[PDB]
Amino acid sequence: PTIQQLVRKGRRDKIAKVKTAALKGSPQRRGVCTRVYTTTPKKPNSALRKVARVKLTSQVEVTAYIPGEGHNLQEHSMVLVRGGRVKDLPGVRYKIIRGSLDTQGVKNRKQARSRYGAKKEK
Amino acid sequence: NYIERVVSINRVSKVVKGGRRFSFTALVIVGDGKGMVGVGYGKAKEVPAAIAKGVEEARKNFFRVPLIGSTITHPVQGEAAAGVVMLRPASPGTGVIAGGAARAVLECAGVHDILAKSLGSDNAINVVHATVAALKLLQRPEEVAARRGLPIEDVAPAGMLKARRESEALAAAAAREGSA
Amino acid sequence: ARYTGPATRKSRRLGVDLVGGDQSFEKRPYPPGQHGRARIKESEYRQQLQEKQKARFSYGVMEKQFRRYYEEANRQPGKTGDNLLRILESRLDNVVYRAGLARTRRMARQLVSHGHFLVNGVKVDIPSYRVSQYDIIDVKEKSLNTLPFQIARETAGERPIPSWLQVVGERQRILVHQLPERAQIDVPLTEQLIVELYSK
Amino acid sequence: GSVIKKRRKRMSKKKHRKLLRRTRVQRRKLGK
Amino acid sequence: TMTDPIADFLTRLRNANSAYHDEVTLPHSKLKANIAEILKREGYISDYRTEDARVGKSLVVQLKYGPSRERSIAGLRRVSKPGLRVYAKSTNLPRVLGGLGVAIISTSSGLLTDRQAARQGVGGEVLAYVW
RNA sequence: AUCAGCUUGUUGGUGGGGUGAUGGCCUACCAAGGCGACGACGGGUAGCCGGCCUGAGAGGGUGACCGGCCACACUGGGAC
RNA sequence: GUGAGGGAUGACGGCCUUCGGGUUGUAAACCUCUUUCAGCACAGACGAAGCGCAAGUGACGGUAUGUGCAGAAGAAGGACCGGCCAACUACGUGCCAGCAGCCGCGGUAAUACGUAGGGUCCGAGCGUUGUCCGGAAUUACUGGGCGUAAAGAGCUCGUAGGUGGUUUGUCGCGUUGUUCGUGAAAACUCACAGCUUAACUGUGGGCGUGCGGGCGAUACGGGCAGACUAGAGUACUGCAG
RNA sequence: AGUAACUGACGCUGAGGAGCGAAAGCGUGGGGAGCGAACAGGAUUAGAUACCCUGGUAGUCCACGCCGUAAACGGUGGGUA
RNA sequence: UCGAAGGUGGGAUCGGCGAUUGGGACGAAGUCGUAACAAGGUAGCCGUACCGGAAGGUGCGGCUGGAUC
Numbered sequence: 002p003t004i005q006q007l008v009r010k011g012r013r014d015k016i017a018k019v020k021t022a023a024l025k026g027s028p029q030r031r032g033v034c035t036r037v038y039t040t041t042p043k044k045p046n047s048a049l050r051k052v053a054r055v056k057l058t059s060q061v062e063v064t065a066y067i068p069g070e071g072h073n074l075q076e077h078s079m080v081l082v083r084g085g086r087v088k089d090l091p092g093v094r095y096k097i098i099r100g101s102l103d104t105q106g107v108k109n110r111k112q113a114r115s116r117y118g119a120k121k122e123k
Numbered sequence: 035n036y037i038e039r040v041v042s043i044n045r046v047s048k049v050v051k052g053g054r055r056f057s058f059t060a061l062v063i064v065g066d067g068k069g070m071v072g073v074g075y076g077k078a079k080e081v082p083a084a085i086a087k088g089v090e091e092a093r094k095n096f097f098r099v100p101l102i103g104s105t106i107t108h109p110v111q112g113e114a115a116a117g118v119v120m121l122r123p124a125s126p127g128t129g130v131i132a133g134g135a136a137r138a139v140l141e142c143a144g145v146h147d148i149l150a151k152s153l154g155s156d157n158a159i160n161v162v163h164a165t166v167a168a169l170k171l172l173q174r175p176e177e178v179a180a181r182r183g184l185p186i187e188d189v190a191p192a193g194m195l196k197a198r199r200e201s202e203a204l205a206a207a208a209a210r211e212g213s214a
Numbered sequence: 002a003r004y005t006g007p008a009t010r011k012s013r014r015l016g017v018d019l020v021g022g023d024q025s026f027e028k029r030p031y032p033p034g035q036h037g038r039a040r041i042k043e044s045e046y047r048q049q050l051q052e053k054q055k056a057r058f059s060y061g062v063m064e065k066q067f068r069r070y071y072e073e074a075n076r077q078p079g080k081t082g083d084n085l086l087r088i089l090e091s092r093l094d095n096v097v098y099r100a101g102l103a104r105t106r107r108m109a110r111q112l113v114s115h116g117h118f119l120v121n122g123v124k125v126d127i128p129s130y131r132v133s134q135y136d137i138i139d140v141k142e143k144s145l146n147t148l149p150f151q152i153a154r155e156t157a158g159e160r161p162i163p164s165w166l167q168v169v170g171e172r173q174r175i176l177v178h179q180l181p182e183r184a185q186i187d188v189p190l191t192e193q194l195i196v197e198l199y200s201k
Numbered sequence: 002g003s004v005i006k007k008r009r010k011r012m013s014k015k016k017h018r019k020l021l022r023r024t025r026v027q028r029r030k031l032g033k
Numbered sequence: 002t003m004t005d006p007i008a009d010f011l012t013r014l015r016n017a018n019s020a021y022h023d024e025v026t027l028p029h030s031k032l033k034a035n036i037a038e039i040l041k042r043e044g045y046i047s048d049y050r051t052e053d054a055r056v057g058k059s060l061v062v063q064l065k066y067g068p069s070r071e072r073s074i075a076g077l078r079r080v081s082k083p084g085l086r087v088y089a090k091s092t093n094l095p096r097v098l099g100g101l102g103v104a105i106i107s108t109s110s111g112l113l114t115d116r117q118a119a120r121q122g123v124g125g126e127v128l129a130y131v132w
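Protein chains in written order, with PDB author numbering: chain l, 2 to 123; chain e, 35 to 214; chain d, 2 to 201; chain u, 2 to 33; chain h, 2 to 132.
Please keep in mind that the hints were generated in silico from the structure rather than gathered at the bench. A hint or two may mislead.
As a list, the in silico DSS-like pairs of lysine-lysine whose alpha-carbon atoms are at most 30 Å apart [to be verified]: (1) e/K79 with d/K42; (2) u/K30 with l/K18; (3) d/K201 with e/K68; (4) h/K41 with e/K170; (5) l/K111 with d/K201.
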């Protein structure tokens with residue numbers, strides 16, 4: 002535009018959408034697992050993804066994905082959720098950390114253990 | 035003993051009633067590293083013939099790059115097709131700072147110190163054409179002074195003349211040392 | 002820390018002898034492992050990757066220190082490559098290996114880090130210690146009876162030390178006049194591509 | 002241009018006008 | 002209406018150049034005459050003169066080409082235009098084509114070249130770039 | 001501005017009062033002024049800076065350590 | 001810092017195999033070496049041209065640091081290996097279990113899932129999440145656009161505002177030059193110096209991109225006072241709808 | 001357009017604002033031939049809330065006011081060289 | 001006289017819940033039709049009005065971003 006049009010109005014930058022709004026500026030956030038269930042992915046994929054409806058201390062109800070081979074999560078479980086988006090399930094934007102609070106590390110795991118909360122067997 | 039650079043190999047397809055007809059296209063740059071560049075585009079049925087045709091057609095188009103010692107004369111801006119590329123001279127020891135296609139063209143040109151930036155249409159072929167246009171847009175102090183009808187000291191700045199003078203001083207020293 | 006695994010393994014993987022006198026490397030000039038003999042795609046990034054890796058491993062420098070040396074060289078008014086080579090050459094373990102007192106660079110580090118040297122009369126045991134112009138290095142008098150030390154001094158017939166270095170007398174007193182120059186350095190490997198690797 | 006764009010716009014406008022017609026008396030009752 | 006006689010001068014010169022014309026006729030101005038003199042002194046135009054027209058004076062600029070018809074001036078542009086005006090100090094003078102061009106600058110001493118202003122240590126308004 | 005009108009010790013003057021000192025800081029009287037589409041009057045948010053991070057630069061984010069200024073001391077008011 | 005030298009056309013064992021053989025690999029076992037730091041002993045600070053008119057005065061501290069004692073003796077893990085991007089084979093599962101930043105891999109040959117050998121990048125760290133900047137010329141002052149990709153108001157008149165043809169004199173507001181004051185210290189940069197190097201610290205310049213005071217210039221922009229007719233409007237005579 | 005006697009820069013654009021603005025539609029009062037949303041039949045069709053056929057009210061028309069929209073398009077703002 | 005806290009009164013403003021109710025997005029497999037794209041079998045679309053289970057139909061004015069002449 003004209004330099005006078007720029008003087009009168011100026012440049013207003015675009016707005017930056019908030020990412021992971023339920024964490025409220027925190028890396029991790031604790032919650033109680035209100036429900037555990039399984040759901041089916043989109044068109045070209047086929048599995049039983051393990052998800053959990055949890056209630057964070059932000060007083061926000063969210064869905065989190067449970068990674069690994071297996072888990073022992075039921076209702077009323079202290080879980081620690083963190084960021085992370087899996088493309089396969091459109092609704093989920095959070096993942097439950099394996100190896101903290103009531104969430105156990107996967108069993109018989111011996112590669113990339115840290116990301117799955119497994120101790121180094123001696 | 036030339037410098038050959040293959041920057042893009044692309045499989046193009048035509049549709050016929052039977053099915054698809056496949057061909058390969060290659061963009062190749064040939065240079066001697068002393069200030070000679072050539073850009074060739076070769077179409078064939080398979081990659082090696084395409085590369086060979088591109089090399090041969092590149093060798094039919096060479097151009098002179100007006101560089102003083104190790105860098106271009108002055109900043110330039112080049113528009114070609116829909117690509118825009120900016121070139122700026124640097125100081126010795128800087129290195130070549132350019133994106134893929136521009137990096138290939140400038141490495142083949144023999145320039146060692148340059149600031150290059152691509153300002154749209156990141157397609158390799160159009161970027162290469164823009165780089166070539168920017169290089170062709172360059173000017174050299176001798177014909178500038180001739181065009182204005184003035185002694186070269188009245189046209190060029192002091193620093194450029196000094197850098198040129200030490201450039202041919204080093205060139206004469208190198209010629210003497212390589213003679214024996 | 003510092004590297005602990007076998008040196009011949011990485012020397013054979015790089016395909017270039019690092020010590021120089023190795024016998025198990027030249028007979029296997031191919032990388033190790035199951036698929037070391039397989040042909041690999043030719044990419045420049047990989048090329049200067051082994052260039053930097055062998056440059057920083059022929060000495061013993063870890064990644065962080067070598068990076069720091071790179072930024073130290075870049076800010077200097079001279080050219081980046083020559084500055085980096087000079088800075089790498091200025092270390093004590095490099096000097097003692099280049100002065101003929103050590104047969105192995107790792108041995109040179111293990112010797113200079115054991116407090117067997119004194120620079121300018123003050124005890125120093127820093128493998129990364131950098132020497133300067135007009136500098137004098139001596140060996141503590143108690144260590145002259147050390148068996149490997151006398152083994153090293155009796156065999157003073159190896160490849161002669163560069164011009165700037167001087168082992169002048171029977172006391173093995175090291176004098177350094179001025180920092181080595183590029184042609185004075187006489188060390189293999191390409192150097193501008195390391196600048197390219199770290200200048201992306 | 003392409004008539005798919007005008008087609009999308011016209012369908013949205015048509016649905017909204019139909020909805021407005023369907024809830025005339027209720028809207029007048031609430032607004033008053 | 003006419004808002005920028007200087008830019009009109011520059012663009013008439015440019016358009017006449019790109020079509021390979023030899024004479025350009027213009028309304029006369031003192032600043033236009035000064036610009037034309039600075040252009041002639043730097044070997045960008047063959048000559049320039051003034052004539053009496055039917056109302057006011059007129060300025061005629063004779064362009065210069067090479068032996069094989071090479072245009073002497075490669076580019077003309079206006080920097081400080083009505084609206085946004087540009088002023089430069091004595092220690093931030095611009096460089097055209099890395100120094101191979103000429104930047105006309107109006108200072109309190111008169112109308113000078115960027116090198117003339119740098120040598121005399123003054124500053125002013127950057128009227129145009131010619132190269 | 002999906003907040004266009006706001007102000008009556010409010011704008012000026014005079015005689016007094018008060019203060020360390022100028023002053024509607026206060027009081028009695030007189031004049032009807034003063035601010036605003038260069039955003040008055042409303043709503044939201046926030047301690048400010050030298051600096052710090054990023055960036056070729058312009059710019060963007062920020063005010064942790066260290067240093068300077070301000071404000072506060074369970075909440076509100078007051079004075080010795 | 002968890003060791004250094006030499007050591008076979010290069011022991012096993014694991015894993016592949018085209019059943020020949022190859023990788024781990026000089027790696028291991030082996031004979032010498034030195035002890036860094038910790039370990040056990042002995043001595044033991046500077047900080048104090050201090051304080052005190054009484055003979056004393058260090059919290060750190062018996063600490064840093066030196067001189068000895070036998071011995072390699074006490075010291076390594078974390079990610080990744082479709083392509084972007086350094087690095088492959090076997091086995092088990094078969095659209096299940098599962099992976100994933102993008103495109104996307106799994107339905108009996110998976111270098112992509114999981115486990116083994118191998119390899120690559122780092123190493124007292126390695127990965128993950130969150131936040132900000134960059135790449136993004138993707139709010140474009142530097143540095144973008146509006147026929148058909150998003151983008152010219154349905155069309156005019158006009159208020160505030162923005163901009164303005166040729167020329168004469170003056171002011172010195174914008175502009176520009178010089179000089180002076182200020183711009184705390186620390187921070188940044190350059191140089192030097194100090195602690196065995198480093199991180200760290202000190203010293204001396206620069207930076208502190210602005211503001212104000214005095215003095216100079218008057219081309220351009222602007223104000224004030226004039227002039228001109230080429231823009232604009234009017235006047236006279238004809239024209240078409 | 002011609003003459004150029006006259007004024008002597010009085011020009012350009014224009015945020016908000018105001019005016020004008022096809023057709024359909026609304027209010028009051030007229031008018032009503034033809035055409036014709038809606039509404040009736042007939043036909044086609046698996047069904048035809050349509051296309052085709054026969055009728056046909058509002059409207060189209062006039063006076064005075066409202067609304068203020070169109071593929072209101074050259075999908076192209078105005079002034080100047 | 002001024003004066004914090006408190007009492008009474010009518011408004012202003014910003015939010016949560018709410019029986020019932022409207023539209024929007026996405027879903028391995030469902031029912032009804034055929035509206036647009038070739039003159040898509042009645043050219044399509046724009047503003048407006050009426051009508052119909054639904055896409056949709058028709059009247060008035062406009063556009064070519066409509067095929068053949």
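Now the hints, each set against the structure:
| no. | hint | verdict |
| --- | --- | --- |
| 1 | e/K79 with d/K42 | holds (23 Å) |
| 2 | u/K30 with l/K18 | violated (39 Å) |
| 3 | d/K201 with e/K68 | holds (25 Å) |
| 4 | h/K41 with e/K170 | holds (28 Å) |
| 5 | l/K111 with d/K201 | violated (36 Å) |
The structure fails hints 2 and 5 (numbered hints given earlier, in ascending order).
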